[PDB]
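**Q** Now for the letters of each chain:
There are 2 protein chains.
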Amino acid sequence: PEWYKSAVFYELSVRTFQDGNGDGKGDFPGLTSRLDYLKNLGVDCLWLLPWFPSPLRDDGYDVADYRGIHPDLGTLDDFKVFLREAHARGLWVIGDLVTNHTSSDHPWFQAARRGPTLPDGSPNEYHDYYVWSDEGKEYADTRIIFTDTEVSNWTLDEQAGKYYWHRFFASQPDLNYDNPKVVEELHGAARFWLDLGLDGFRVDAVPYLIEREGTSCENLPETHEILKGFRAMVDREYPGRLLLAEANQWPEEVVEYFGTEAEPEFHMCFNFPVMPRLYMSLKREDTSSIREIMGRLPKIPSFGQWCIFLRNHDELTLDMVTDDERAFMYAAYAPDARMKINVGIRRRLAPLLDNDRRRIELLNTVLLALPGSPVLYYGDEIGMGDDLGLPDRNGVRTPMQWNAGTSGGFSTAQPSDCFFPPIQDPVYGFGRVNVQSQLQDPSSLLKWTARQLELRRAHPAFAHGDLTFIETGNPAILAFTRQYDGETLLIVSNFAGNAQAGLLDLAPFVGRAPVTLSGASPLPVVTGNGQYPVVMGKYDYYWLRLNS
Amino acid sequence: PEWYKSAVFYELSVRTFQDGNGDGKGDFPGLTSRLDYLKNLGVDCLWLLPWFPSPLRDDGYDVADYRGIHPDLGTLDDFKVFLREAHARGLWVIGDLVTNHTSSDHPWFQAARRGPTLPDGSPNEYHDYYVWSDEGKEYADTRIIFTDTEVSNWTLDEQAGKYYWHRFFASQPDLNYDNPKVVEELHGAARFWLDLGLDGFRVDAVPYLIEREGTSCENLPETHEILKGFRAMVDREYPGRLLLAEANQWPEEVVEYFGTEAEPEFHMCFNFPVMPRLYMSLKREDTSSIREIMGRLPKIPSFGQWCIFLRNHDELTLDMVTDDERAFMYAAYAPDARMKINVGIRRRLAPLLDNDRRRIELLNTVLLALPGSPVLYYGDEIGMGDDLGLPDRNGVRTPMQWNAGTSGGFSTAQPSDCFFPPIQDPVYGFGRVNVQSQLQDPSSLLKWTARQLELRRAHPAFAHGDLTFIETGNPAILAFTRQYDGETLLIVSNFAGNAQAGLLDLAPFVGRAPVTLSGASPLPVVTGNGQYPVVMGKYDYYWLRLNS
Ligand SMILES: OCC1=C[C@H](N[C@H]2C[C@H](CO)[C@@H](O)[C@H](O)[C@H]2O)[C@H](O)[C@@H](O)[C@@H]1O
Ligand SMILES: OCC1=C[C@H](N[C@H]2C[C@H](CO)[C@@H](O)[C@H](O)[C@H]2O)[C@H](O)[C@@H](O)[C@@H]1O
Ligand SMILES: [Ca+2]
Ligand SMILES: [Ca+2]
Ligand SMILES: [Mg+2]
Ligand SMILES: [Mg+2]
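One line per chain: the protein sequences are C and A, in this order. Going left to right, the first sequence walks through residues 6 to 553 as the deposited numbering numbers them. Going left to right, the second sequence walks through residues 6 to 553 as the deposited numbering numbers them.
Each hint should be verified, as a subset may be incorrect.
Since copy identity is lost for identical chains, a pair holds within one copy or between any two.
To be verified - List time: in silico EDC-like cross-link candidates among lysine to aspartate or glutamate, alpha-carbon distance up to 20 Å: (1) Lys-167 - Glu-7; (2) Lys-452 - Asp-41; (3) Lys-233 - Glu-190; (4) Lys-452 - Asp-361; (5) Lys-304 - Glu-266; (6) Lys-452 - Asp-430; (7) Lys-304 - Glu-7; (8) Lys-452 - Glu-366.
These are computed hints drawn from the structure, not numbers from a lab.
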């Protein structure tokens, strides 16, 4: 099969991971020094947030040059050396392709706002790069994404005298993708990095490329064709690279981003519909939500794989849940209004689970045992908390915490001088939550996370198995099998805080023994009617095999 | 009933708990300022390690003045104030009475050593306070406890000219209890503290009082009878106080230290025979050692109550298990030679369990659910580690870890100036492990423990119930009931690192509905012949009730 199908992914931000020269910013040499770490954890492919020159208004998703390295993070040599030293270790690396928009400080915009007519009278070929309107009345009936900041998806440019369009911050003018010169500048931006050896892109904000009037301007088939043309160029020019979509849309609409067998689009997408069901089901001791939204997912192509995640650099998004669902989410996971942002909760994973490692472990095992390829957000694998005194979503992006030295060992500059303050609260601060500690601690979240990844590696059904939900008698208990190449897994997991009892329907499996995936320990043989009786301690996970 | 039967005991050392005067040593002023900690923890009775004047060759168990407060710890007034504030919050306090032996520096033995005849030719009355020998040949066939230090239980005195006897350190000469003056001196020491309001006494080395030729000089009748008389005086003169006995022997002999109902000895003794079976049976993943040793223990008198304990200030003793059992514990729990001292392992509860909170929690609940009154060891409730760079058994008597301020909050002194050094390693040090942090962490081991005690509070069957073991068919799984005043509690614990199944023998309970003590989640009604199927995750504890 495909390398992205069997790979464990790991999301990190170069500016925040490790600083080698001591200027308080994470740099590519620093990150290179830490690849030994990531490889021993069980990681297969690093995914790097945008590393491109940028004013960092949206932390570098406001790209100001797709073809250089941001000075903060070192040089192109620094980048080149990093990607080598990662490939010599068997890590794949992918980047972030900011395709929907560019910064207002891009040299494209800085020209487009001059007017459709240059001084001499010629047409300014760059004004057509971004979308403009004279009154700003167009594409209404359209949803605003960063409502806490932005009143209007249009903004007036004091020098272009028109309104430009932006699905996110005012400083990120949307790119006119009706202009086939823009599909080529983008095809070029991707080519430049694939030419350097890069193993793929996560493509950011794909639903929002094209905007048609009388529609929502999300998931337009005009948009999907542009993507198709991208996978076209990647499939022809650079075989085997990985295109990963971030599509947070309803079950049906998201699978459209895989394209079809005939007409490929993305290799994997983020399973954004399950992640909130994971959380909201944990507080309800009801696994029904998980099972519903999973049924609603249409089969994806052969080449496609899902990408399971718990958290990321962004808020816990809550805009593809029902109105009762999102209100529940706020009441169980956002007690402080400071924790709300743009329809979502902006908290790290451990703080979301009240630092309960029984819970942190349980969600992480679901994340491994669901069909897809898991992605761990950096720091979560050692239990990092957040800092909601920081603006926007930066609260979950504080510096990695390697030890209890100066600035958690992320930099030799004082914590006041690191790009984001290294957490030092008495519960999640780096005096308590740091990699050094957890490699000496025989039973740390870090040793646990790595050992679990080792277990999953030992069972390809986790990567390539099918998914069959097994009835239990108990909504707090979520059971499913995974079959692939003869081996059948049975993943039973308690989503409740105290002992739960359950009656599993292993009727298909009468005669077979469940044995633990670790310890090689057999339970009783499935017998008679196959109603398998089971008790579960709080927040437990049973990883089992069914032999023959 | 009597108060000790419902008490939660908490063992601490005044020299190492809280320094209230900057000098690097804990003191009674300091300890007094932390009593609201203990009250709020759910602690009933404080057992204070020896507070008496001492050269501290054996941490103060080598007493030099049974009637003072060691200057390191403050003054008799500071003691009376502590004892008044402790009682004010409903805490009981018991001291440590060191009957078997005094310090070399004690006035008595300093007088004894002058010889039988004083320079004026009259008898020296203080010579017979201690046991002397002209050649050291007597009481052969005796064992040495401090095997790593003392090569014989006789030591020649350079002045006295003869050999004096000592079951422990040669700077701890044994007192001579065939001398009636000595038995009175002991009662006078007891009266002095009972009179101050002390609620009772843990008694040291009770089995080693009387030595007789041809015997082990252990558990001798002549000893027990001196112990009956001690109880006799306390029941007559100071009704209600507590005599608690440190009798680490085999099950038959341990229970003799309660006396009979006609002839009472101690109110409670430590359950030494069960302690090492728990650790052993966690490693072996087989709990038949527990059921076995626990079952060789005879019924004990009405007034009698066991004191269950996981660790203490001493080493984990292995002088009371088989040679084979003792080798397994070394290979299981002492990989570095440094961890062995004197037929035992000198490690803290968390290191012993490789800092796994699941296994800490399992053994903690089995301490709270076995029949007896449980005693905690200070710091084991936050996960404090050990410091085996310290001589003897001081590596587990490091300062309390209060905050991550100076020296763990134990002292405003620098750590290099405190009596034992506050632990600072990456895993167990006070930047990661301390009380203030665990008060703000929602799921800290400190809170976990408070709650588990608070939960045991609501179910007297723990404190007072009988104990009925229930067969399981999986030696991994331990199962037993507690029955008291109608409530039938079913406790089932998994001592294996993976999922385990079992067939509990709930025949005596058919028609009863097991629900969980916490939240009352129900498990199937016991039907049929009462062979209840159960499954368990690793290190799982089900605390259930069965109604009617
Ligand atoms: O509505 C779906 C989402 C996409 C958005 N995520 C991308 C949008 C932006 C591209 O400029 C960027 O701020 C964000 O980091 C990207 O991951 C949004 O900010 C999230 O809150 C949300 O989960
Ligand atoms: O075998 C029983 C024991 C009794 C002994 N405990 C008392 C002996 C000493 C009395 O002076 C003292 O060192 C120890 O703290 C007391 O609790 C011994 O030191 C222990 O290691 C051992 O477990
Ligand atoms: Ca657009
Ligand atoms: Ca003696
Ligand atoms: Mg830098
Ligand atoms: Mg002091």
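**Q** When no copy is named, should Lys-304 and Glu-266 be tagged within, between, both, or neither for a Cα gap of at most 20 Å?
**A** within (12 Å within a copy, 76 Å between copies)
**Q** Give the relationship of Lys-452 and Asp-361 under a CA distance limit of 20 Å: within one copy only, between copies only, both, or neither.
**A** both (16 Å within a copy, 11 Å between copies)
**Q** Reference check for the pair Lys-452 and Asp-430, CA-CA at most 20 Å: within, between, both, or neither?
**A** Classified as between; 18 Å across copies, 23 Å inside a copy.
**Q** Could you place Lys-167 and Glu-7 in one of the four classes (within, between, both, neither) given a Cα distance threshold of 20 Å?
**A** neither (47 Å within a copy, 86 Å between copies)
**Q** When no copy is named, should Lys-452 and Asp-41 be tagged within, between, both, or neither for a Cα gap of at most 20 Å?
**A** within (15 Å within a copy, 37 Å between copies)
**Q** At most 20 Å between alpha carbons: which applies to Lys-452 and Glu-366, within, between, both or neither?
**A** both (12 Å within a copy, 19 Å between copies)
**Q** For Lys-233 and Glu-190, with the copy left unspecified, which applies at a CA distance of at most 20 Å: within, between, both, or neither?
**A** Result: close within a single copy only, 16 Å intra versus 96 Å inter.
**Q** What label fits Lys-304 with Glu-7 when the C-alpha limit is 20 Å: within, between, both, or neither?
**A** Result: close within a single copy only, 18 Å intra versus 68 Å inter.
Violated hints amount to a single one, hint 1; each of the other numbered hints is respected by the structure.
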